[PDB]
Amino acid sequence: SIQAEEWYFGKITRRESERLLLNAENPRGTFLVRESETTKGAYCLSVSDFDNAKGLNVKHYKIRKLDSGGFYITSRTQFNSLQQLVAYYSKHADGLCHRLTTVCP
């Protein structure tokens, strides 16, 4: 039940996710999951990053959900639940800007 998830922010806009994430106290990997503003059935994983090039910045990744059941950012790496997808990316950066570290305050 993704709505019970503390990292699930529900129906918030892309700009509002960036407002929350661009806080200086946030370390790399601070994240939240929200509904897509325009892709029915998809969610967006919003993640903070930091470098000397860009300073504090935010990346957005689309999480797809098949009616067949799997959740995924890349079709080659699927999960039975959004929760498992979050747990996997908390340990593997893979193609993300950073591994998921802390739930956005």
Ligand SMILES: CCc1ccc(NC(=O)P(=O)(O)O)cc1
Contents of the next structure:
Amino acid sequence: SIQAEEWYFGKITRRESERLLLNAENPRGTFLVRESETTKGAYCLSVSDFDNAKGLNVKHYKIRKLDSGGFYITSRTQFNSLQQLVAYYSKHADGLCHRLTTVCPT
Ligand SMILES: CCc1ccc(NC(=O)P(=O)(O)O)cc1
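Please supply the coordinates for the form solved in complex with the named molecule, as a counterpart to the form deposited without the named molecule shown previously.
To see the whole picture, the full complex is given below, headed by that same chain.
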């Protein structure tokens, strides 16, 4: 049950995710998972990033879920659960702006 996860913000808008993530106290990789506003059955992994060029900013990645079971951002790298996906991306940046580090405070 992803709804039991503390990083699962459920039905919140993209703008709301950005308001929460754009807090100066948030280090790179602060994140949350929410429902996509318009992509049915897909979730959105919203992540904070920071650099001298752009300063504090937010990226959104789409998490696809197959009825076949797996969860993924890229079909080449799938997981048996959303929790396993979050755990993988907390260790690897791969194509993301930063590895997942801290659950976004409300
Ligand atoms: C109109 C085309 C359209 C396609 C996808 C999105 N996705 C969302 O905004 P999300 O970032 O909550 O997933 C928005 C517009």
